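Student: Residues per chain are reported as follows:
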Amino acid sequence: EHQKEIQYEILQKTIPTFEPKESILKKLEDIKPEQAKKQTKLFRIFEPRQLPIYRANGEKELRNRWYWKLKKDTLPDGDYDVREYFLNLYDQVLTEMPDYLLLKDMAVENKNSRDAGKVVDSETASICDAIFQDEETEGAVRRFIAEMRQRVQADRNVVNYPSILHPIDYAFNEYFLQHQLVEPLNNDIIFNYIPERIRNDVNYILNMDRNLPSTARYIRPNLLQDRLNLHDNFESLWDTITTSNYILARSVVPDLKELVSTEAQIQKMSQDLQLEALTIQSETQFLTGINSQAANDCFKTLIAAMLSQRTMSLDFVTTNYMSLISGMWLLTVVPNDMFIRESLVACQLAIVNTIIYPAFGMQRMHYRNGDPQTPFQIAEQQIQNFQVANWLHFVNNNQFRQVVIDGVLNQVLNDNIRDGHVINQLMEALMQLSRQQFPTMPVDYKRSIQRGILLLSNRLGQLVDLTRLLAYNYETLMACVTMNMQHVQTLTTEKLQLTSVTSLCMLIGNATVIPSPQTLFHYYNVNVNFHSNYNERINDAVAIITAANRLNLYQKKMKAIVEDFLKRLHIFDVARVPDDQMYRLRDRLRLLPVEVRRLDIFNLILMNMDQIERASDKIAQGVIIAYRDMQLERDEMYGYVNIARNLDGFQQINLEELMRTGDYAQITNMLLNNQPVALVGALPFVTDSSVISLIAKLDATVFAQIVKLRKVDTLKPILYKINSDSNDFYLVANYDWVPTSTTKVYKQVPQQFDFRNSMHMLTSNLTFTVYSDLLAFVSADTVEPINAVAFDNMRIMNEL
Amino acid sequence: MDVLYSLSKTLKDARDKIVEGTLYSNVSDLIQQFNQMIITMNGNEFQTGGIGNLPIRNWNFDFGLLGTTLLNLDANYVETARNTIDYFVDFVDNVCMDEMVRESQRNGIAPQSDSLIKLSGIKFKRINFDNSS
Amino acid sequence: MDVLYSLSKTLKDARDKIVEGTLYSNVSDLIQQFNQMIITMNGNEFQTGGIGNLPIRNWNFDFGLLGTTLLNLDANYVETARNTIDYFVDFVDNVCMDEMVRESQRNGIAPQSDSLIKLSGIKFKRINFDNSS
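Chains as they are written, first to last, in PDB author numbering: chain B, 81 to 880; chain N, 1 to 133; chain M, 1 to 133.
Hints may contain errors.
Partial selection, computed: residues in chain N whose CB lies under 8 Å from chain B [said to hold, decoys possible]:
1. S28
2. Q32
3. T68
4. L70
Simulated from the structure, these hints should not be mistaken for laboratory data.
Yeah, the Cβ is synthetic: ideal placement off N, Cα and C, and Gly gets one too.
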C-alpha cells in the first residue's frame, strides 16, 4: 500500500486543505469578522504652521503668514515611488474605514467667547485659541470664533458642531459621515433575519422579550452570492471548502439516542443469520459492531456529505452480502447524484450479481458490463416483476432534484417530498423485497440471504422513521446556509463502511432527536461571518488591484495581493495552490465592479494626488537647464529664489521612463552640445544660502554625473533660498546687481491659508448604540422530541 | 473636434443632473468626468473672434474642483457650481460661433479657428465622452 | 414641481432598464435613486380629483424596498417590482390630470392642486434628478 501513498499524496499537495480534520473547525468558529468600527480623531493630513516671510528684496517682514504644511511628509524619489506611496494610503484608508461616527465623543471647549461655545476636535480648538491672538487677523475673525455656538437638538438626534479642517480634509471625513453604513433596527428585523422557514416549523417556539430604542443600530451582513464561480475550475480549492463545510456539519448533526443494545440484536442475529454453515470466509459480516458508534458516524457522515455538497466512496466488502442489502437502502435515499460514479459501480454490480439476478432466477448470465451509462439502471428494461421494476427507475432517478430558489436566493439542491416523509419509497423498497425468495444454487444460500432480508422488512416499520429523520434534519439545517451550493465532483472522497450503515438500519428505535435551538443559530452565525469575510476581502482585493492598474504600478499585481487575500480567508494554506490557480484567480477578480465604498474613495485620492506631491517640503517635480543667464524670480515666502511654476518650451523626459529603460544618451547628446532641456518626476532636493554659490554657477554642475553609469538617483538639484537675512552672504544688495541663475525648479508654491474656506460645519448624528451578534435577543424553546413533524404534519418519528 | 462635442454633453448632462436635492451616487460617474476637464484646461489661454462684427473676448482658466462628500446635494453646492458652468457656456458659444463662420477651399473639412485648432491637440483628448448625439 | 418630473424619469428609466435578464450593476446607480423615493413617500397621504367629472381617489403608501439578488435579475424579481410601479403610474396619471385642469389669473405659474402644492414642500426635494427632457 506504500506505492499508493506517495501518489495519493502528490495529489494532496495540489490541495490547500489544512492537514488535521479538527484543525479546520476551530479556524471557523474562530472567524469573528463583525467589528464596531468607531474613531476618535477628525483625521487630517496637515495642520497650519507659522512661517517667516520676506517681502521682495526684504528681510523677515516681522510678520509670519500662516501656510498649510504636511504632518508626516515622507515622499520617495521618482514618479514611480510616488504612485506606490499613495497606494499605501488606500490600504490605510480601508483598514481605518470608520463604519460610523458621533461628535459628542469629540466635544471640546472653545475656551474663548460668550455662549458656552463648544467645538469639534482638539486641532479645531487649538487653532482658534491660536489665531484669536495673532493681532493681525480681521475683527470679524474673533467675532465668528466667538458667538459661533454648537448646535444641539435633543429631539431627532441632531448635532451640528462648528469645525475647521481643510478642503482635502473636509473631503475625507465628510464621505465618512455620508456613508455611515448603519441601518436602524426593529424587533421585526431580528425576526426577519430568520429563515422564512424555521418560523413556520411548529416544533420550534418563538418569542420576543427585550425592547428596542429608536437608538438601535446594526451593520449590514452583506451576503452577495458567489461572484466567483470556482465551481467550474478551481477543483483544488473546492475540495478544501467541501472538506471544511463538511467538518462544520458533523460538529452540528445531533448525536443519536436510545439504540438497541448492541449485544441483544447481534445475538438474535446469529440465530437468524445461520453464520457458520459451510461457507469459507467467516467473521467478516460481524466486524459490523462498534455500532453504538458506527451508526452515529454513518449518520453524521451522511448529512454533512450532502449539505457540504461533498462526494464519496464506500469501504465496501464484497463477501458480506448483508452489508450489500443495506447498500440498497443507501441508494433508496441518498441521491446517487452525489456519489463518485465509481463507488456506485462496485456497490450495484455486487448487488446485481451476488443477488437479485440469480436468487430471483432471472439472468443466470450474471451480468457483463464494460462501461455504458448506468449499469444499475438498464437492469430495468429487462426485469419481469413490477415491484422490482419500480425501484429501478426511482433509484436511477431521484437525481437529487437540483432546482431551488428559496427564502431569497438559496439554491440548495432539494429532495423528493416522496422521500421526505412520503417515505413509501421505503415501503415499496420493502414490498419488492418481500417477493425475492427462490432457487438456483446451494441451500445455505437462499436461507441465509432471505433471512437477512427479513430483518430489514420487520424493522421496516421503523426504517420508515429513518427516512423521516433525515428528511427533516437535512431539510431543516440546510435552511441556514447562505453560501450557495452547486453540485460538484469533489476531488476527494469520504469512506463510508457499509458496516455502520447496516447498523443504523436495523438498530434504531423510537428515538427522536433534532437540532438544539442554540445549535442552529451558531451554524447560521458561522457561515454568515465567513461569507462576510469572503465578500469583504473580495472588495478589499478588487479595489486594490484596479487601483494598481491606473496607478501604473506595473509590478506586483499578480500573487502579492492574492496571497494576503487567501490568508485572511483562513480556510486554506496557500502554498499548495497550483500556480495556474493563483493567477487564474486574478484573471477573474479583475473583471468586477467595486463596492461603491471602496471605489468612491480612490476616485477622491486620485483627484488630489497631484496637489499633495507638490505640496511637500522635500521633493519637487523635475528641473530645467537653459545655459542662458536667467533672471532669478522673487516670491514672498522663499524670498529670492529660482522657481518655475511652469514647463512649456522645453522637451520633457520622463525620468521614470529613462531610468527604467536604460539610456540611449538622447539626453547625453542634448547635454553635450548643451541644449535646453527638462526632466520630469519627483526628485531629491537642496537648499543653499551661498550668495557666492550662484556666482560659481553650481547649479550647472550636478548634472554631468548621470552620464557615468545610468542611475540618476544621485541627482540632487539646487535651489537658492536667498533671503535678505539668514544669508551672511549679503554683499549683494549693497552693489547694483541682478541674480543670474542658470537654472531653476518646479516645486509649486505651498498654499496660503484662508480661514473662511477651511471652516466647514458638521453634520453628525447623535447617540447610537451599536449592536453585534444580534440573534441573542431571540427567546426560543422546543417541544418535547416525541412530538415532531415535517412538511407532513402528521408526525416525524411515529412508530410509537 | 470630437473634443468640442464632449464639452457640451458635459455641461448639458451637468446643468441637468445637478440640482438641489438629488442623491450623489447618481452623478458619481459624472462628477469625475467633469473635474478631469477643469484640470486639462487650467493653465491654458484662448482667444475667439476678430472677424467682421464679432467681438474678440479673451479667456483664462484657474478653477477649484468639487467636493465628493455629501449623501445629498445642498443648495449651496449648486450655486458654487452653476457659477463655474456659466463661464464655460458663455465660452463655448463664442467658440462655436468663431469656427462657424470661417471657410477654407482646401481643407474645408478641418478645423479653422485659433480656438479649435488648439483643441484637436493631443493633450486635450483626455476629455472625450458619450458621443450619442 | 421639478419634483414631479423625477417621479417619471424614475419610472421610465425603470419600466425600461428593469427587465428579466440584465446584470444588476447596470442599475446599481438606479436602484438606489428608486428606493430613496419610496422612503420619502411612505406615510404621507394624497387627494386627487374633485372637479367636473374627475374622480376623487385617495392614495396611500406602504411599500417594501428593493432587493438585490445578484447576477442578472430573475423573473420573480421583476414581477414583485412591476406590481409596485403600476401603483405609481396610475398615481402620477391622476396627479398630472388634477393639476392639468386648474387655472389661476394672479399666480397661474405655480402649483394649484392639493396634490402638487404638497410636493413643492422641502421634505421631497430629495428626489430630483436627470433633467434632460
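Student: Against this structure, judge whether each hint is valid.
Tutor: Outcome of the hint check:
About 7 Å separates the beta-carbon of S28/N from the nearest beta-carbon of chain B, less than 8 Å, and the hint is met. Of the supplied interface hints, the one on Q32/N holds, with its beta-carbon coming within about 6 Å of a beta-carbon of chain B, less than 8 Å. Here the hint on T68/N is kept, as its CB sits about 5 Å from the closest CB of chain B, short of 8 Å. This hint holds: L70/N has a C-beta 6 Å from the nearest C-beta of chain B, less than the 8 Å allowed.
Checked against the numbered hints given earlier, this structure breaks none of them.
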